[PDB]
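S.K.: Could you put together the complete structure from these sequences and hints?
Here is how the chains run, residue by residue.
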Amino acid sequence: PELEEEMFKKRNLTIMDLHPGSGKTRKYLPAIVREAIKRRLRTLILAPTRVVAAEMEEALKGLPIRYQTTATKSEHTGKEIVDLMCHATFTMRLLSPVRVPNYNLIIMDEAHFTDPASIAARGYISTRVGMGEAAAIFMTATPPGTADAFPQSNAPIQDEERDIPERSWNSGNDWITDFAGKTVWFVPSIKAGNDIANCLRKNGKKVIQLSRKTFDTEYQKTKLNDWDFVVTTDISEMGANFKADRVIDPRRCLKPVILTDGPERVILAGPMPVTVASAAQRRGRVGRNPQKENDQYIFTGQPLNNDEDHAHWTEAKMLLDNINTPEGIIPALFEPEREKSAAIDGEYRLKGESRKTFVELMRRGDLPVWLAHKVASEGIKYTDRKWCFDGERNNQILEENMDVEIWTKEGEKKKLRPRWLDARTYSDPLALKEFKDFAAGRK
Amino acid sequence: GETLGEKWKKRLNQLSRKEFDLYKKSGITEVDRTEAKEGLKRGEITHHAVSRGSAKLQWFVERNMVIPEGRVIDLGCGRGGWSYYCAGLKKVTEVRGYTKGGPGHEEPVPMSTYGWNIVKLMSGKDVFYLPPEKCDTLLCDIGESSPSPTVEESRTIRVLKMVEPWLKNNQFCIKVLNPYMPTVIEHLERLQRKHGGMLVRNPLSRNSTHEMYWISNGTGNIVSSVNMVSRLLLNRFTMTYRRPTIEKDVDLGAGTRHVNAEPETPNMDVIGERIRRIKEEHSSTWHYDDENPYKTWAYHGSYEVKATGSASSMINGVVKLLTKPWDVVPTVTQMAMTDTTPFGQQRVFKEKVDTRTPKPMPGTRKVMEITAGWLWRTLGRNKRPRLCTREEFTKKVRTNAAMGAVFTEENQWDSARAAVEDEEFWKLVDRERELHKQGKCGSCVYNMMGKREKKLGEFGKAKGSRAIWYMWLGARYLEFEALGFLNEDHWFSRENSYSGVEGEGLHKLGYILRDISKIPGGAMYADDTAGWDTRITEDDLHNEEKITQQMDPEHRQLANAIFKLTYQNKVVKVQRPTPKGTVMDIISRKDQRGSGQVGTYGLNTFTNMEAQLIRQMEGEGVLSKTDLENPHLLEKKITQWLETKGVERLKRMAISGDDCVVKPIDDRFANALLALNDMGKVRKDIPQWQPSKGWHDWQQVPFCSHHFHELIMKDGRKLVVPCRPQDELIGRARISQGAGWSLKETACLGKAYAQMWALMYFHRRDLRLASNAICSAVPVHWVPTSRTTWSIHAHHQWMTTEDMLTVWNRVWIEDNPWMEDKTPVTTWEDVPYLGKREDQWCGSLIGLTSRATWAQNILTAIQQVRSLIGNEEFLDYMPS
RNA sequence: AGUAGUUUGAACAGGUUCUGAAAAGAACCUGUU
Ligand SMILES: Nc1ncnc2c1ncn2[C@@H]1O[C@H](CSCC[C@H](N)C(=O)O)[C@@H](O)[C@H]1O
Ligand SMILES: Nc1ccn([C@@H]2O[C@H](COP(=O)(O)OP(=O)(O)O)[C@@H](O)[C@H]2O)c(=O)n1
Ligand SMILES: Nc1ccn([C@@H]2O[C@H](COP(=O)(O)OP(=O)(O)O)[C@@H](O)[C@H]2O)c(=O)n1
Ligand SMILES: [Mn+2]
Ligand SMILES: [Mn+2]
Ligand SMILES: [Mn+2]
Ligand SMILES: [Zn+2]
Ligand SMILES: [Zn+2]
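Here the protein sequences line up with chains L and D, keeping their order. By the count of our numbering, the first sequence reaches residue 1883 at its end, each step adding exactly one. By the count of our numbering, the second sequence reaches residue 1117 at its end, each step adding exactly one.
These are calculated hints, taken from the structure and not from any lab test. By construction, the Cβ of each residue, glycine as well, lies at the ideal position given by its N, Cα and C atoms. Any given hint could be a false lead.
[To be verified] Partner residues aside, some chain D positions facing chain L, computed with beta carbon under 7 Å: (1) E299; (2) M435; (3) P440; (4) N454; (5) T456; (6) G457; (7) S462; (8) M465; (9) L469; (10) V565; (11) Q571; (12) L1085; (13) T1086.
[As the list claims (entries may be wrong)] As a list, the in silico EDC-like pairs of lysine to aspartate or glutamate whose alpha-carbon atoms are at most 20 Å apart: (14) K1883(L) - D564(D); (15) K1695(L) - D1749(L); (16) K1791(L) - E306(D); (17) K1519(L) - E1475(L); (18) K1791(L) - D922(D); (19) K700(D) - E1793(L); (20) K1821(L) - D922(D).
[Said to hold, decoys possible] Simulated DEER-style distance windows between Cβ atoms: (21) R1652(L) - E528(D): 54 to 60 Å; (22) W1847(L) - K955(D): 30 to 36 Å; (23) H1030(D) - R1652(L): 48 to 54 Å; (24) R1479(L) - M359(D): 55 to 61 Å; (25) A1709(L) - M359(D): 55 to 61 Å; (26) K755(D) - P1541(L): 57 to 63 Å.
M.R.: This is the structure in structure tokens:
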């Protein structure tokens, strides 16, 4: 694992485009961190999700790293120059009024990740690199512009387009249970995963469920060898070392989409094919052992690279245009991300008080970026909740085919009718409960 | 290579008129100008912007990208939108615009918008030959588009070479007409490397231009921003047409502004000796600095010193671990200590102290003279001025009071106690007093520091709030001897002054307000002057001096010496950061209040009493606009009004420094701003000519940072209690002087905050719960000896709930004159609460899910803090 | 649907501790102008 010196000097941004299983997380990252410790560089490491952070912590044994992620433990002393956190944590700290260190070196794993905060962080990092104040390494196997859904692997992979079931199945589907090895099944939601894993445990196969709600207990259990199925959401589609044998990827998901169509709103557009990068990353979780040649990938459709109307480009621009630092940096998008029409076209910078309300709405109210920006750009204060009831009669929230009606904190009974509609505020029952709490003044 | 901007220009040059007219406004932001244009046609000269440039400049100003301040130079001012917008900003004291005019170019248009009196637009000037001047803000909006990119490049380079000499460590906003040509980019990168700033695209600009703006308050990569703008403009060609985002136009107000920047003229027959002594002291490093920033002060020299002050805060661990729901409240977590380093002191000086206020008109001066004479005669009806002695000063001075030594012969005492005990100190005092008796001063110099307090800020720092001035301990004794009778005889107490509240106490102020609410009249007004001590003219300094007419000849000599040599001729030492280090500047000023003098509170109260009396005069029709402009105004009418009803008008007011509560006989007082603004007492947080807001409930009137609620107890007794937003209290309790985190060595400070909450803010549910939790999480045998140290009294529990209840009964029942009944309260359950709606309105988090979780599981947090401290003796304060 | 987390002025008021037989003195803390 030889490292070019040029990646440690300022104004240099290094893209590392190795195929999955090449060793970016376990070979190159420890060497880069060791060389950065030797040269005394303030270093930041950015993991997309918590499973990637766990893999980093496993692969960084014996180095002084000040972990700032909930997934990992904490025994930092005070002499660490290396921090580890997530993309969203870094971006929300950049939007916050607390100063962040001037890192001399930034390593970002899975720099293709399309969370709005990840794109905003990429823009900020590339802007800092362009000013000659830092150097960056972006580690990703499926970079922007990827059309290969079947990248190179350590071992050959058998790709078969069967018909993966969505819910539990009374009978049939013998190909599923007849398998002898370990299988990683990707599901689009925790509820579908619950149903599938119940059906799988009904057949005498013990199953581990991975989600953001069950990660803390279940990931370490997955790090054993007992299990036979891992039913998981896309929290583990990047950087997860499962030592599995088969991957089952229906290649379907829900995406937030902004519709102008008169009054602008956000909808969770129905089950669509995942992008090529997501499919390639999901396939890359298997075939990582050069000693096992029988690894299988079972999919149920073709991916789409049509990633243009999705809300995360607009939300990334909204987050990037409101980054607040002592030096007053105005950042720009990462260059391969400037070819997106919705990202490049946004002028979303807010005036000071509106920016503070925007950050408060995202962090305290747990509103989506689009809705928080829409509310803040009207000059509405955080504690003012009248906009949740001032909407047109078409923006009525229904539950059980009945109007959602709430008791405000000032002792009034009102119909939930927000001025701006975000489908992520009333999609799941938990999201609806949280939004009802917010609209009632309890949040 | 062909840049993206050149491709965009080629594409733009080949649009038909229809598609060009659709493209130029596709998706841009745009202000509505129809009403403003109709008004401007009809000759209306108020509230209207003269062009679209006011909104464009406002976009940068509200994003803090440019902060106009001081003197503003507007090159290519055109009609004057930028200059007229900058006139209304509070930090701007003078606007000068230069436009070429003539045929084919816009000429300046006269307007009477807010601050118009400080605007001078000169036509017929070609800025390419105008010599550079010193300015605090420079706004350049020069450049005209041509279809040829090379012509635009040449014009842009010419503008960039013209504006460069004008820039020296100041604010700027400069239009770069054509920023995509490579030579313009290299020039801009060199200019940014030298001066700073950043290129920013304004969303109000049309799509038919590639113009960007070089701003001072920003950083970033110029090439990337230019590329982003080029891609934006190219993408705008093909996407579907969008109606531009209409936003409402800027309202520019109306009325003049009471600002002035005339330089200071030193006396040098009063202050020459002090400056000569100072120069002789630090002769080794004495120099004269031409980069000094002082505009309205006289500058005499500088010498190198080692910087003092700090800008750091320490986190209080016990309070922070027990107030978790407030970790997400910005008003709580953004509290910090004010910046008192030379940088922060210099910023405070530049904003507040380094300003000037215009002279009042002759009628205003005459009214002030009459009112001050009558008020001084009223205040001394039963009291005579008297000399204070060295015995009282020795009895009163704090042991750790700052010596404030300026000259070497004064720097041989470590504490004030040692100095007042010594016999050489009083010999220094005697020689300076002998100089004073001859009308000369030789050693009365003001040290200047910053106030170190808790304030809302960001990035761990808060803006400096004020400047504190103080002389050497001997000079402080001399001014105590001359003028200390005002404080020691209680001249501004409620009994003697009818409107002062000196010696009252915060918790007892609400009763006073309630007593004011029973006087018939209009609403209740409470206005604060913006930077009160910097608005003190020489006129009201003389009016304060007028007290010397009630003294005996020797006391009069001493008081005249203090008033004329030290209060009206002030020599100050102030720190300044320079690239070579830190220097101390010797500056001079004649008119202001030196907050830190012995007569600060009393003379502030006196001047505010007379200002509010004059405002009541104006509100009652005794003073009109013509009376205030009259060099020969009649004294009989003012004297008649005073002798007839001045005491009754004084009884309608509660005065503490510049805080005032006034309940006039009607509401014309709300609009009586002529005399008030002419005396220089410009109100804060409000346009200079907007009528003031009056409260009809005395329980909402803010006074001394608080308002007051009337609680009713179970036994039917009433109780007026102080209250403020809860975030302020919680945030102030969570930080302290120092740096870093602190848990064990600030637990007793947290307990003291809990005791203060239990005593003054017992009516707030969150505050009582948090105080009980903090007390339960602090070892019961520790007693503080400083802010960080403690002693262990193993035989005694410091303050139990019973001790706190006893203190509460003493303060609110036994020692309360306003409660006729005196039955003590036996349990904390009889101590009342605010109503739940009142509690919620004043910032409580009751009714929130995080607050409910915190209250339910509070014992877990108390035990966590207990284990963090260690194995100590703990007592439970939480009610059963 | 999914994912990530808050990182040494002047005037005054009140309280506390120690000394004192009480007065009174000594020290500290918080707050207001
Ligand atoms: N060489 C030059 N010297 C001085 N003024 C010039 C100039 N070249 C152009 N100008 C003036 O600069 C102006 C540019 S437009 C200024 C708009 C202004 N901000 C507002 O809000 O009204 C034009 O009116 C033109 O008259
Ligand atoms: N405990 C582990 C974890 C991973 N590995 C293997 O090490 C290879 C590279 O691991 P990696 O996490 O760095 O993969 P990439 O991040 O480069 O995609 C993979 O083939 C893993 O299967 C292992 O041998 N033992
Ligand atoms: N800590 C303080 C606060 C106020 N003051 C005096 O009280 C005046 C007004 O007080 P303030 O709190 O309203 O502040 P400003 O109005 O001056 O900005 C000040 O100008 C000072 O003269 C003081 O001497 N020490
Ligand atoms: Mn990896
Ligand atoms: Mn004030
Ligand atoms: Mn005030
Ligand atoms: Zn003197
Ligand atoms: Zn209140």
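S.K.: Each hint needs a verdict: does it hold in this structure or not?
M.R.: Consistency of the hints with the structure:
{"no.": "1", "hint": "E299", "in the structure": "holds (4 Å)"}
{"no.": "2", "hint": "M435", "in the structure": "holds (5 Å)"}
{"no.": "3", "hint": "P440", "in the structure": "holds (4 Å)"}
{"no.": "4", "hint": "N454", "in the structure": "holds (5 Å)"}
{"no.": "5", "hint": "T456", "in the structure": "holds (5 Å)"}
{"no.": "6", "hint": "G457", "in the structure": "holds (4 Å)"}
{"no.": "7", "hint": "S462", "in the structure": "holds (6 Å)"}
{"no.": "8", "hint": "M465", "in the structure": "holds (5 Å)"}
{"no.": "9", "hint": "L469", "in the structure": "holds (6 Å)"}
{"no.": "10", "hint": "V565", "in the structure": "holds (5 Å)"}
{"no.": "11", "hint": "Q571", "in the structure": "holds (6 Å)"}
{"no.": "12", "hint": "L1085", "in the structure": "holds (6 Å)"}
{"no.": "13", "hint": "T1086", "in the structure": "holds (5 Å)"}
{"no.": "14", "hint": "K1883(L) - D564(D)", "in the structure": "holds (14 Å)"}
{"no.": "15", "hint": "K1695(L) - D1749(L)", "in the structure": "holds (10 Å)"}
{"no.": "16", "hint": "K1791(L) - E306(D)", "in the structure": "holds (19 Å)"}
{"no.": "17", "hint": "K1519(L) - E1475(L)", "in the structure": "holds (17 Å)"}
{"no.": "18", "hint": "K1791(L) - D922(D)", "in the structure": "holds (18 Å)"}
{"no.": "19", "hint": "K700(D) - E1793(L)", "in the structure": "holds (17 Å)"}
{"no.": "20", "hint": "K1821(L) - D922(D)", "in the structure": "holds (19 Å)"}
{"no.": "21", "hint": "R1652(L) - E528(D): 54 to 60 Å", "in the structure": "holds (57 Å)"}
{"no.": "22", "hint": "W1847(L) - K955(D): 30 to 36 Å", "in the structure": "holds (33 Å)"}
{"no.": "23", "hint": "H1030(D) - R1652(L): 48 to 54 Å", "in the structure": "holds (51 Å)"}
{"no.": "24", "hint": "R1479(L) - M359(D): 55 to 61 Å", "in the structure": "holds (58 Å)"}
{"no.": "25", "hint": "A1709(L) - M359(D): 55 to 61 Å", "in the structure": "holds (60 Å)"}
{"no.": "26", "hint": "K755(D) - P1541(L): 57 to 63 Å", "in the structure": "holds (59 Å)"}
Consistency with the previously given hints is maintained throughout, with no hint failing.
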